[PDB]
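Novice: Each chain is listed here by its residues.
Protein chains: 2
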Amino acid sequence: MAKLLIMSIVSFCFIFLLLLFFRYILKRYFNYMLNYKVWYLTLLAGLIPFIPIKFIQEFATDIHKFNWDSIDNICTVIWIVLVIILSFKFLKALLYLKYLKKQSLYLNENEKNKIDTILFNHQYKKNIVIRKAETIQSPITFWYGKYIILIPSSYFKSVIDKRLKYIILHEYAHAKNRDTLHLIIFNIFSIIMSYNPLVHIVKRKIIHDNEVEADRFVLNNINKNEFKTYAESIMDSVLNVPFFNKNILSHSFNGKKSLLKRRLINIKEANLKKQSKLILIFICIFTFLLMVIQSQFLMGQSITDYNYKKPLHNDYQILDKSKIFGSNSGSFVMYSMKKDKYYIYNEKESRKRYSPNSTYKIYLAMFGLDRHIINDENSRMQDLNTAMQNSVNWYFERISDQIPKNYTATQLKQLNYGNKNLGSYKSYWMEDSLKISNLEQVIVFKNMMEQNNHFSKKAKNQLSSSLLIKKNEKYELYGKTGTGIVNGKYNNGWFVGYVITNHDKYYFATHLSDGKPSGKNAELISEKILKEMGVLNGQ
Amino acid sequence: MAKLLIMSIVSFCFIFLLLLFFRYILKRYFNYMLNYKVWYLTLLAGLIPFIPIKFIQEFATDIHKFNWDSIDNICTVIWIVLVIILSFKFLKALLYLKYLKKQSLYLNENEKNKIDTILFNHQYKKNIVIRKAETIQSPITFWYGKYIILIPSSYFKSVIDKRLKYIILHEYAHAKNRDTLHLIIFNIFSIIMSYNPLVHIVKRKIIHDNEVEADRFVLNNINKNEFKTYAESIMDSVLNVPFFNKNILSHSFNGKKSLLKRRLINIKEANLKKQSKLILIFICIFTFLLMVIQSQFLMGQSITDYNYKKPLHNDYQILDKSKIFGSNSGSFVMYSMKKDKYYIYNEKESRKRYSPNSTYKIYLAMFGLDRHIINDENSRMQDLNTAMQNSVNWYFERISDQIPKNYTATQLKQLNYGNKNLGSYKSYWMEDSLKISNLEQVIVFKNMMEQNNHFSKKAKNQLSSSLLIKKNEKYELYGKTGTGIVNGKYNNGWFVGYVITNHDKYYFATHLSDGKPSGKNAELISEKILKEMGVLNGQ
Ligand SMILES: [Zn+2]
Ligand SMILES: [Zn+2]
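Which chain is which? The protein sequence lines are H and V, in order. With my numbering, letter number 502 in the first sequence gets 502, and the count goes up by one each step, no holes. Count along the second sequence starting at 1, add 539, and that's the number in my numbering.
Keep in mind that the hints were calculated from the coordinates and are not lab data. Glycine included, C-beta positions come from ideal geometry on N, C-alpha and C. Treat the hints with care, since some could be wrong.
Unchecked claim - Here chain V is said to cover these stretches of chain H; the calculated rule only asks that three of the stretch's residues, wherever they fall, bring their Cβ under 8 Å from a Cβ of chain V:
id: 1; region: 9-19
id: 2; region: 46-60
id: 3; region: 210-222
id: 4; region: 251-265
id: 5; region: 276-290
id: 6; region: 356-370
Next up, chain H with everything else stripped away, as it sits in the complex:
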């Protein structure tokens, strides 16, 4: 819903940019100005989309959706608060001004005579008011619905200032365009649309254009011979006093906060003071320590995605089985327990860690078996053999939920199970946090049964039983298949297990990364290779 503000922002910026485009060109090539009132069109643009112009068993499913509603609830409140704050600021200036008004004085006759001498050539609509003051240092103007020009008494006391003629024309020019009226109106709208900062940008740009037009007016009424004189009188405006800006709703003559002005102030100021070295020393020390503190927690880099970079403790043989894989790009690893040697296809791919998917069920079962979640006489949660054999997640998810995460972690760590990351979900092995390479599963499965003596003996073979694929006179082939599928595409096909033969004990894993990397294909591929390698021939 807050997206509506976003839509409004886009509209605003569109119109905003178009106007800026023209402004540049017209000035750049023709020295032309725009009637700034066009900026009201942007405020209007900002409210386009904002206006609603439309012109028997139970079945259930557990869904996940992005909750962006809590965001809008919060954003709504923020918008409200910003408006409240801004209202105050507006008011602050406004109040000052009404109090200021009350302190003004009627202008007397001789001064009036001088003023008329200055403006009689306009014969204007004398529905504006000119007053003097014993307070303010320099002339100002504001609206009140009265259109007031207020001049410090010092400039009448300066009976022969001459320059009065210039300041008067300047003030006249602003009054003429009711700048002080539009400013208020504009600001009110801006206050409400607190969510779009471009409004402040426009607010500010307008002011420069206003002053430029005032200068042109004034010059139009000045004998050019005196333009220099005039310019000098302008410079004088920043030499005597600090600039002031409390009354954001009004117009002053001393120009604005600027580098030049700050410097001029600094020259006048008796600034010849010194400070102890400690000021910088300590700021620097603490700043440093604070960086140190941040560091204690902050770190990151792509290196955290590292796969099985580690060398084997023994010998391995490279093998090519690409005619077998065909389009099913992948890797293959086999290990001989008697030779203490690995046989590897695509040694680069074999090191890449992928979620184990269904082949994690192998380890999951070992863990469930040791913890008596499931056991060798009764493995029911469905049972182990059935669930492994018929692809039942209901069962394995239940085993996982009931294995203390620390037990799982203990064994994932003892066996070097890839990144040993079990995440937080009961289904952590499927396109999720726990990842392992094809080479690692061969290493890991082997250790699970042959080197790691923590596991009960029964857990080791109860698991093998659930994995039997085939048995014959030469060997018994065990393993599990499955596939990680993301957005309907099969991306991670696995077949993991072991072969005990009449000649040796083998561990293996097959992984498919592309083409049609199904579990079934990983199995078929593994079998063809294992047969070619003698594993499934009894050779």
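Using the hints, position chain V with the ligands against chain H.
Specialist: Quick look at chain V with the ligands alone, frame taken from chain H:
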């Protein structure tokens, strides 16, 4: 991975803010400056996290994850491009400067004598160079590894300028702090870290502090009686020429782009030109039309979430069944075909549209039946009765996939099926786009069989068969149950159907919004109410 830049930004802004904090205070209360070199600490802070300081059947599942990797791929390229652009800009200025250097002239004797007269009181390390120029309008300085002060020949021609003493001290002061060295260094770092705009903010702030210190130095060497004179000589710097800023890598004396300066230029410029009205007229016209154009597509508001706001065409009776619902907050609607009257519990809740979930299977079956996706002799995709009866989504998802979306839409529209929105997914009825209220399902189911004669007769009763819950001597109760569950919480329990009795024909729906809003509960609740209402009593 790009998140790393984000981490860097946070670090940067932390240190940045701390420094700004102190700067304000030290100046505000003690009038103290900082050795700006501390800003290098922020550049260092910006690289904290950046440094990698780490100190048997196949089972498969179809997963969805957020792809933020394409984003990083793109962001990487953008970063590279920004650096390329900035490199050019840097170079542009740099080249200008080397060419400029070559045009400088050695300073002669009398001028040297004057210069030494000015600086003999420093007896400085004369390893810097002073030259004059016949090109530039005002004195400048730069680095080159030479530390050069270059003064236009006009200021030596102005043999009695006097003010030379001031300009020289100013230049000396910048040379002293090697401002021109640090600027380059800083900028180079900034160019690489193109992703964090705060670097530009720092770049700019530094310059003001540099100029302030230069002024202090200069004043320290001036008889205070002349401070006024000095200040006047500063103002003169912006009266004669335009300011220039091509050489961003260097320091000039005419101050900077500013409102005052633009105005002074405008005074000198013969700007008394006029323009045709058409300039604004057409910009305004087109701007308007463009807003019109945007509008043709842009609209939004919360009103699009409207539920079943519409009154019935007949009479309805309010009923309270809150003792039945108990904690299972919900609604209940029943309709009498003979009386043409509705009986409603929680008439507000009954109008709220929710995804129909499994009860959509009712309509889905009608559609599948008419289209011969499934039929009355063979409804297999599992069959209709089984799938309805045993909660099989596999089956219904297949029916949905095979119903032309326009056919479904035709009937959703003829029956006023809530918002009639079937989205885009084969499972659009489950915690998804198609939504309908409890009151609407009663209306809609009724029309499906009693008013809408598009549907085949066989589709109407083939569906009823799959829905039979109970049959007896007084009535046959039909319907379907199910639940929308989100993030494990049951949020939308439904029971929808009809009762044909020995006295009348009833349509009904029960919906549960909170507590334990299961499908089963909606059924139990409906049955208790329907019995109390006489529907399931044959009364
Ligand atoms: Zn003004
Ligand atoms: Zn300077």
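Novice: Decide, hint by hint, whether the structure agrees.
Specialist: Going down the list of hints, with the structure as the test:
1. Three residues within the 8 Å Cβ limit are the bar, and the region 9-19 of chain H against chain V gives 5, so the coverage statement holds.
2. Counting residues of the region 46-60 of chain H whose beta carbon lies closer than 8 Å to any beta carbon of chain V gives 11, which meets the minimum of three for the stated coverage.
3. Chain V is given as covering the region 210-222 of chain H, and this holds because 6 residues of the stretch bring a CB closer than 8 Å to a CB of that chain, at least three being needed.
4. For the region 251-265 of chain H, the proposed coverage by chain V is satisfied: 8 residues have a C-beta within less than 8 Å of a C-beta in that chain, meeting the threshold of three.
5. With 7 residues having a Cβ less than 8 Å from any Cβ of chain V, the region 276-290 of chain H passes the three-residue criterion, so the hint holds.
6. For the region 356-370 of chain H, the assignment as covered by chain V holds, since 3 residues bring a beta-carbon within under 8 Å of that chain's beta-carbons and 3 suffice.
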